[PDB]
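Asks: Residue-level listing of the chains:
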Amino acid sequence: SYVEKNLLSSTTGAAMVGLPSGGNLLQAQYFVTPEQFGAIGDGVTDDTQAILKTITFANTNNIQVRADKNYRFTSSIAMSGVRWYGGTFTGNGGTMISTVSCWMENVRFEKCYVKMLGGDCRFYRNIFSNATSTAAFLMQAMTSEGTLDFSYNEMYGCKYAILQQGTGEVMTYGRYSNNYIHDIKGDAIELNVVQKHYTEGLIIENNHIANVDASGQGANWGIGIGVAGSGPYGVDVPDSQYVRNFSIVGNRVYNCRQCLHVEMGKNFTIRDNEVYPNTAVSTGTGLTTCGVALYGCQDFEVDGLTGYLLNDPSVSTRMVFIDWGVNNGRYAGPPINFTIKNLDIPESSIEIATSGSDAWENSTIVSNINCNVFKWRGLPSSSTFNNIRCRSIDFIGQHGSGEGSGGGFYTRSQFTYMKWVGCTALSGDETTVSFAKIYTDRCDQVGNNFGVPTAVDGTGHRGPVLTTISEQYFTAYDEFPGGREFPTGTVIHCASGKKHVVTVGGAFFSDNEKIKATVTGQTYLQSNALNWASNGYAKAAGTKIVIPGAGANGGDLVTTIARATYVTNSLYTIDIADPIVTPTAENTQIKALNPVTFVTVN
Amino acid sequence: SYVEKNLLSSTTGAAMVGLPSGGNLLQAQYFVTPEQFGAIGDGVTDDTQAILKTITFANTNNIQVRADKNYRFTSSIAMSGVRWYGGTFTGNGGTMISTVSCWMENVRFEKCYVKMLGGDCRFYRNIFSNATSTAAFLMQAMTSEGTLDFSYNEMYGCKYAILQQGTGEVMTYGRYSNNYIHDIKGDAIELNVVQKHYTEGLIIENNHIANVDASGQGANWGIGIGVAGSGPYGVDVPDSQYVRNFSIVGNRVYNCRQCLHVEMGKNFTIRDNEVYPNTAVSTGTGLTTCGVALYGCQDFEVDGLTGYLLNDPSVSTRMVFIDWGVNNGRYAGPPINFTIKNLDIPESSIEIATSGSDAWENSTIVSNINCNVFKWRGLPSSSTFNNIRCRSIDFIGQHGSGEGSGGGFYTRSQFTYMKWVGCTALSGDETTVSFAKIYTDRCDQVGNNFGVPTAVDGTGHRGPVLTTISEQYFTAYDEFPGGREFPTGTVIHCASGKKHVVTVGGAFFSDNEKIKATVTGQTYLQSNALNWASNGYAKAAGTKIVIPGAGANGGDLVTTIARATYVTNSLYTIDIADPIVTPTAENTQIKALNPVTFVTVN
Amino acid sequence: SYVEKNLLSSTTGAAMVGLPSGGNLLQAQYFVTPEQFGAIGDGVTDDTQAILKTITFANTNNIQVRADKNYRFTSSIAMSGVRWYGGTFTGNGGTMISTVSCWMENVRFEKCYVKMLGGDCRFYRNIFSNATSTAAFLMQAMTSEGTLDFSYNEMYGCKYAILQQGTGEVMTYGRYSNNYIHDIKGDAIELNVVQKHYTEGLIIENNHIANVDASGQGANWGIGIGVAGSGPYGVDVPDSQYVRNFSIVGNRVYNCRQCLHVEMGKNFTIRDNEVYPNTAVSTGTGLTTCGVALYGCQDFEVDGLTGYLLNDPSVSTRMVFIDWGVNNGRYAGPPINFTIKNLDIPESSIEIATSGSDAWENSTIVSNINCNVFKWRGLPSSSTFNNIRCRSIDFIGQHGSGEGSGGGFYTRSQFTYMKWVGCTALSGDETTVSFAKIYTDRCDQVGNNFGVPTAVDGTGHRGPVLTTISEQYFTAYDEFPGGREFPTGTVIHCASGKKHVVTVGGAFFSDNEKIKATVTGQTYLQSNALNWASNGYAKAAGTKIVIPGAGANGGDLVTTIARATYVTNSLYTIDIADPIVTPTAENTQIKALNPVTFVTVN
Ligand SMILES: [Cl-]
Ligand SMILES: [Cl-]
Ligand SMILES: [Cl-]
Ligand SMILES: [Cl-]
Ligand SMILES: [Cl-]
Ligand SMILES: [Cl-]
Ligand SMILES: [Cl-]
Ligand SMILES: [Sr+2]
Ligand SMILES: [Sr+2]
Ligand SMILES: [Sr+2]
Ligand SMILES: [Sr+2]
Ligand SMILES: [Sr+2]
Ligand SMILES: [Sr+2]
Ligand SMILES: [Sr+2]
Ligand SMILES: [Sr+2]
Ligand SMILES: [Sr+2]
Ligand SMILES: [Sr+2]
Ligand SMILES: [Sr+2]
Ligand SMILES: [Sr+2]
Ligand SMILES: [Sr+2]
Ligand SMILES: [Sr+2]
Ligand SMILES: [Sr+2]
Ligand SMILES: [Sr+2]
Ligand SMILES: [Sr+2]
Ligand SMILES: [Sr+2]
Ligand SMILES: [Sr+2]
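Chains as they are written, first to last, in the deposited numbering: chain A, 201 to 802; chain A', 201 to 802; chain A'', 201 to 802. A prime marks a further copy of an entry chain.
Don't read these hints as lab results, they were simulated from the structure.
Using N, Cα and C, we set each Cβ at its ideal position, and we do this for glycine too.
Please note that the accuracy of each hint is not assured.
As the list claims (entries may be wrong) - Covered stretches of chain A (in silico footprint by chain A''; criterion: 3 or more residues with CB under 8 Å from a CB of chain A'', positions within the stretch not fixed):
(1) 211 to 224
(2) 356 to 367
(3) 391 to 405
(4) 644 to 652
(5) 715 to 728
(6) 770 to 776
Said to hold, decoys possible - With a cut-off of at most 27 Å between alpha-carbon atoms, the simulated DSSO-like pairs for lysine-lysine come out as follows:
(7) A':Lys791 x A:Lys269
(8) A'':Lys269 x A':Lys269
(9) A:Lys205 x A'':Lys315
(10) A':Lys253 x A':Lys315
(11) A:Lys698 x A':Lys698
(12) A'':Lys698 x A'':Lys637
(13) A'':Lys253 x A':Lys698
(14) A':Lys716 x A':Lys637
(15) A':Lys359 x A':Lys315
(16) A'':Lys253 x A':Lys269
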């Protein structure tokens with residue numbers, strides 16, 4: 201009639217306790233807890249053996265674990281098939297918990313790390329804090345094929361946060377999404393030599409990363425998000441060496457030396473990421489500071505990039521860096537077949553080194569850019585440049601040895617195509633472009649604020665020599681419009697029916713031009729002879745001019761007209777973009793940097 | 201040998217009950233519940249004191265709370281460090297629960313609100329229903345710095361859903377993602393005067409908002425998603441006044457008066473949002489109806505917008521509104537250094553007011569647009585317009601007082617650049633554009649279906665006067681092609697070697713043109729003299745013409761040719777875009793709106 | 201003084217057991233479990249009646265269910281208002297669980313399916329495995345209006361994964377996000393005849409789908425993501441027949457016959473999806489292999505597509521397929537008012553069939569494309585084509601019967617506009633385009649590597665006959681530049697003031713051209729007469745030429761110059777793109793495919 205103590209305390213004693221359902225308390229045990237196997241959970245007492253017994257019971261009986269205290273442990277723990285919800289694991293700093301086919305939510309991994317060994321693992325709403333192991337979440341030498349969803353976790357205070365080394369059985373599919381990774385000393389997400397993995401997709405999306413500083417650490421530590429296939433680099437190496445079909449989308453990477461990195465990737469997309477590189481972090485690791493660094497990649501797109509560098513522009517403005525690989529220091533594996541678009545990074549610069557050959561196609565597309573320096577090396581079989589707004593262009597087509605990565609390695613004698621449409625090189629009043637070695641068979645160019653010169657690599661080798669006419673103008677008057685630079689081939693049609701054809705691109709300044717005396721520091725010039733408010737002796741802003749003897753130590757000053765003709769103090773006046781250095785005397789001549797030659801028909 | 205009642209009912213009595221693990225029931229208590237502290241949970245009985253005792257025990261012993269009933273409470277509850285899973289809190293309407301460093305999942309907050317006071321707070325899969333407080337989730341006067349993940353929650357029936365006021369300690373990082381907010385009477389997500397916050401990122405992403413109607417509420421209530429820095433507005437005010445580096449991405453805002461709002465923002469992106477504004481909601485609050493409203497912002501991008509307004513187009517079609525700020529009613533802080541792209545809103549209109557000066561750069565980019573009215577005021581130092589498809593253009597460059605926000609405030613005498621490439625202004629058969637006060641030093645334009653006129657602000661002030669030749673044509677015949685509008689400077693090259701140069705843009709209609717009598721309502725005209733199927737007397741659709749006396753009260757009818765020459769009833773025939781109003785008699789003349797002048801060479 | 205067994209085992213017996221809080225164990229029962237109602241949970245014993253009793257108790261008492269074992273069940277179970285966390289349900293293969301207003305997390309549905317009947321249902325972090333029912337998650341004939349969040353679930357081994365049939369009460373809002381669906385035999389996400397649904401939004405986002413193979417299954421089985429309104433198709437059918445305002449964003453669809461499908465959709469966006477179609481799966485179901493298939497849709501955008509087909513290109517390269525609908529085999533419902541952009545699919549092809557009329561507007565925009573074949577049928581009222589990089593163009597404007605879907609059905613006599621800007625048709629050395637029946641009133645074209653011919657549909661019907669001059673060149677020399685194709689109307693301006701006007705587009709090859717003998721397989725030609733390294737007898741790569749008698753069976757060989765003039769073996773040499781077939785003897789002539797005619801002025 202009464203309850204016996206030894207029956208109530210037995211392993212079936214809970215069956216003696218009724219519940220509102222009409223069932224009993226034994227039927228309510230849908231979980232176990234570590235404390236039932238001897239765990240103290242005070243974060244100090246060594247609970248390793250209790251955790252091991254909990255895992256064995258959970259595995260043996262296929263029952264989930266619930267926990268809420270803090271289990272100090274001091275040697276490796278191996279979990280397989282476990283569902284674990286809640287609690288904190290506290291290691292010695294870098295103590296390992298391995299997982300095969302485990303599902304873990306709401307857990308904190310303090311001063312320890314998880315190593316995934318395979319199966320379908322799922323990690324949601326966990327915290328990985330203060331690991332002193334190489335990585336806080338490691339995939340390495342998996343013993344069975346895996347899939348992974350690693351989402352809505354927070355990671356901080358560690359070295360590497362997420363690290364994969366591709367040796368062993370493959371991860372066939374993985375999603376790394378919506379994680380918050382911050383204040384770390386290695387890489388945030390690094391998937392290294394994983395070319396055999398992710399046949400059914402690698403997606404790294406909407407992760408928020410902040411403060412990645414590997415200063416004092418080893419070589420190449422400190423990347424934000426990195427994905428790497430396997431060398432050797434080379435234009436014709438097998439597809440199987442590359443990591444393929446992956447996507448890096450919607451991530452935010454703040455205060456990191458090299459925010460996004462791919463090497464030996466193929467058929468991938470880097471889409472709509474926001475990056476803030478900083479030269480001041482990860483000092484000594486050898487990484488090129490930038491937002492996106494791609495080495496030896498093929499068949500890829502970069503679409504959508506915002507941000508700027510946190511350091512002063514005098515240290516670096518490099519944001520996009522696309523380069524050849526290197527095998528034992530020798531350039532190899534030019535980037536080919538790629539599309540770069542929607543880079544809204546006006547403070548920051550783009551540096552691309554590519555190539556082109558008769559032995560393989562390389563088609564490049566660059567579109568919808570807003571950047572600082574646009575620097576380019578290499579001459580693809582076809583290259584298009586559309587709606588690029590930049591502050592300067594530094595461009596060599598078939599670059600040679602000493603002119604950038606892989607210079608001199610490949611040439612293309614067959615049909616080579618280029619297009620420039622709707623681009624703008626402008627920094628205030630200055631149009632600053634440099635083009636060379638563009639050995640094209642056809643180059644379409646229209647709508648730009650500059651001309652693109654093309655060149656011939658041996659007589660006859662690019663067909664008949666032609667100059668594209670990119671500018672034509674109508675004037676109501678007959679005199680040649682003064683003070684304005686026109687490219688070679690420009691045609692001016694007059695209302696009278698006369699026509700001017702520019703045979704040497706440049707601007708017209710009369711031989712009778714005279715200016716007033718100038719003093720050091722002056723940024724305006726005034727006419728002492730000609731009517732600068734006439735069309736024939738006009739002065740257009742943006743035109744490059746030379747003021748004899750006004751530069752350093754009586755050299756010639758090359759500058760740009762900053763403001764077109766105006767009258768002040770009863771004198772025709774222009775502003776210049778650079779100050780007088782050496783004073784000049786009354787009735788000095790000004791002239792064009794590039795003096796025009798034209799012929800007039802009728 | 202038997203179990204004593206007073207031992208079993210003691211605080212350690214559960215240790216007497218064995219479980220299958222070999223442990224005991226005391227070791228299975230990984231949580232507490234409010235009912236253990238006296239809560240009834242019937243949604244009616246006042247459970248405030250029980251909740252307070254639960255929170256104290258959870259804090260004191262660092263133990264999570266589990267709950268599943270409905271706890272009525274009637275005064276403020278303050279939580280710190282709590283993990284709470286499940287249950288409903290029911291207040292009096294606007295009763296407060298404050299949280300510092302709390303983690304809450306699967307909770308319903310009914311007729312109450314949560315105020316975050318700091319720490320790392322995390323809110324997932326909760327419901328915030330029927331709050332009558334100002335906000336359902338409030339961040340205000342935090343006492344410690346915070347981070348927030350507020351994701352996959354549902355909010356409805358309230359006034360403001362999410363509201364931050366920036367006074368107090370800062371939120372260093374926050375993610376507001378994948379929430380569902382609907383049927384509210386204030387703003388859905390409003391982060392106000394938060395310029396000091398979010399140094400490590402503000403991300404508002406993939407939220408779905410529906411039915412925001414603040415009718416009858418106070419001024420500026422009813423914004424969908426709003427972010428605000430601090431005034432005063434001004435082009436040169438310190439960066440520290442602006443909310444910076446944030447992103448508003450992938451959100452859907454349906455049936456809201458002003459879907460997305462930023463003021464005093466800098467270095468931000470508004471990307472891939474879908475918006476359905478409605479003039480009929482939030483009546484009386486003073487908000488400008490639109491999808492995106494930006495005031496006094498700098499260094500920003502709007503990229504990717506879809507949707508349309510739910511009201512009739514006769515009320516409004518305004519979708520994108522980018523404007524100066526106002527300080528005590530005076531315009532201040534022009535939007536500068538911005539990029540607007542990928543707006544696929546063909547029914548809806550864009551209104552932008554900007555500026556340009558010698559004292560600072562302003563570079564604007566507008567690209568890849570599909571809209572209704574394109575309305576623009578202001579003359580940046582550089583502005584590019586590319587692949588804009590619109591139904592009309594309403595454009596003033598250096599707008600003066602009375603021509604829009606900040607008109608007359610700033611001018612730029614230095615080099616001013618503009619580009620129009622590949623744009624289309626078309627509404628059926630009509631090309632409707634208006635441009636004025638474009639005081640540019642250089643304007644590149646190509647590939648448009650209209651010409652852009654530029655102007656001179658004082659003789660000589662923009663260099664030699666030139667007309668860009670945007671159209672050249674070849675004809676196999678010598679006669680000037682009739683009935684088609686050509687801009688000034690157009691060149692026609694004939695197979696014979698003759699050339700025509702258009703010195704006054706317009707179309708050719710012979711002085712001998714005669715039409716048949718017309719009646720009111722007629723939308724075709726027929727020739728009574730000339731062969732409209734000849735090239736010299738041709739009739740091109742899209743050309744603007746004048747029919748003397750055919751308009752209202754015998755005024756001239758200005759219309760557009762809707763269909764080029766065809767024969768019906770044995771007569772040359774064209775269609776017109778507007779009906780005859782006043783009948784016209786046989787042998788009335790038709791003429792161009794803009795009569796051409798050209799010269800012929802040879 | 202002692203505990204009585206019958207009191208402890210009663211429904212209030214738990215109140216006798218004290219807990220650390222000072223409360224009792226009865227107050228800790230925040231849930232029930234199925235085992236408390238007789239469930240065995242061994243995956244074999246029939247637990248149907250126990251599950252039913254659990255659901256009744258949970259409903260009656262409004263209490264959540266916790267579970268962790270495996271409940272075999274054998275007939276339908278109906279849940280309403282239930283919160284269920286954990287456990288596995290195992291059916292007979294296709295046993296049904298219906299849900300109204302249910303919330304389910306961490307559940308596995310094995311060999312069974314869930315049918316949603318309405319209310320606010322929420323499904324997170326579940327597994328749907330090995331269903332043999334038609335669908336694993338079904339929405340059909342709902343009895344109350346619903347909303348759905350179906351997110352972070354995994355589904356595999358089934359026929360259809362997610363299926364909606366729109367009969368019954370409507371889903372007003374649904375989010376299907378971040379699911380992982382793989383290895384299935386029906387569609388992954390199919391929402392069929394849902395035009396009345398989703399008034400407040402349908403969002404299908406960030407789902408990862410792999411291996412959809414409906415081989416041997418019924419007609420149209422095997423779509424990845426499909427959304428369908430209701431027929432009949434037609435340009436003027438009511439808006440209420442269409443599914444509207446939905447979005448398909450950020451999804452990945454791998455190894456599926458037709459990855460994304462819409463029919464009878466309006467005002468929708470298909471944005472930033474990654475697709476890998478495969479002709480080898482879903483054999484026999486009648487689906488057109490492609491990444492995006494749209495039928496009879498209006499007012500839509502496709503923006504952002506990457507991927508390629510997994511089969512060999514010789515089977516198919518079709519990636520984007522936009523077509524008319526069909527009513528009982530008759531074409532109906534042309535796609536109108538659409539924007540296609542940012543397709544980075546260089547290996548794969550685009551096929552679009554549209555139309556244009558006087559009775560309705562159709563404005564199309566195609567921009568920023570990188571594709572293989574660009575195939576187009578139809579003549580909209582306005583169409584723009586910008587920055588399209590392709591390997592060939594197959595284009596008919598006003599296509600007739602036998603020239604594609606709906607050929608001959610509609611024509612537009614009113615103003616018809618077209619624009620081609622900045623496009624490139626190039627495959628190595630070949631520019632391969634075909635255009636016909638472009639009956640435009642105005643066509644702006646600039647910056648392309650090809651000319652677009654326009655046509656006249658009756659004398660006078662498109663205004664005066666004009667040829668747009670797309671290319672003008674300057675030469676320092678007077679002789680006509682040889683060996684290079686120039687379109688009709690091209691103007692060459694010489695430094696001397698002479699001018700050449702091309703009256704018949706083509707290339708110049710002198711009548712005195714002679715080549716050395718050739719043998720079968722040869723891919724170079726050598727001069728036996730003229731100096732190919734002169735400008736007048738030059739040889740430009742990309743130019744099409746004819747070698748008499750060198751083709752199959754002594755026919756003429758039409759080929760392309762692959763490499764411009766070079767000297768080897770002391771002979772002027774060019775390479776050709778196709779090998780000699782029939783040998784040719786010494787002093788055979790080579791000529792242009794398209795011989796130029798030009799006139800010289802002066
Ligand atoms: Cl190489
Ligand atoms: Cl560096
Ligand atoms: Cl101001
Ligand atoms: Cl309004
Ligand atoms: Cl139809
Ligand atoms: Cl097929
Ligand atoms: Cl001429
Ligand atoms: Sr598997
Ligand atoms: Sr698998
Ligand atoms: Sr911090
Ligand atoms: Sr290859
Ligand atoms: Sr690709
Ligand atoms: Sr300067
Ligand atoms: Sr912190
Ligand atoms: Sr922090
Ligand atoms: Sr509703
Ligand atoms: Sr500034
Ligand atoms: Sr920016
Ligand atoms: Sr009309
Ligand atoms: Sr409802
Ligand atoms: Sr509703
Ligand atoms: Sr598999
Ligand atoms: Sr319609
Ligand atoms: Sr639309
Ligand atoms: Sr985009
Ligand atoms: Sr070939």
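Asks: None of the hints should be skipped; say for each whether it holds.
Replies: Hint check:
1. 211 to 224: Holds, because 9 residues of the stretch 211 to 224 of chain A bring their Cβ atoms closer than 8 Å to Cβ atoms of chain A''.
2. 356 to 367: Three-residue rule not met by the stretch 356 to 367 of chain A, so violated; n is 0.
3. 391 to 405: holds (count 4)
4. 644 to 652: n = 4 at 8 Å, threshold three: holds.
5. 715 to 728: violated (count 0)
6. 770 to 776: Three-residue rule not met by the stretch 770 to 776 of chain A, so violated; n is 0.
7. A':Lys791 x A:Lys269: 91 Å, violated
8. A'':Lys269 x A':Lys269: Judged against 27 Å, a Cα distance of about 25 Å means the pair holds.
9. A:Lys205 x A'':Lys315: 49 Å, violated
10. A':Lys253 x A':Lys315: 20 Å, holds
11. A:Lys698 x A':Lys698: The given pair, whose Cα atoms are some 13 Å apart, holds under the 27 Å limit.
12. A'':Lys698 x A'':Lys637: It is violated: about 36 Å lies between the C-alpha atoms, which goes past 27 Å.
13. A'':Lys253 x A':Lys698: 97 Å, violated
14. A':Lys716 x A':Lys637: Not satisfied, since the Cα-Cα distance of roughly 42 Å exceeds 27 Å.
15. A':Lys359 x A':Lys315: Roughly 15 Å between the alpha carbons, so the hint for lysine 359 (chain A') and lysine 315 (chain A') holds.
16. A'':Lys253 x A':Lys269: With Cα atoms ~20 Å apart, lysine 253 (chain A'') and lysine 269 (chain A') stay inside 27 Å; holds.
Violation of the numbered hints given earlier is confined to hints 2, 5, 6, 7, 9, 12, 13, 14; the remaining hints are satisfied by the structure.
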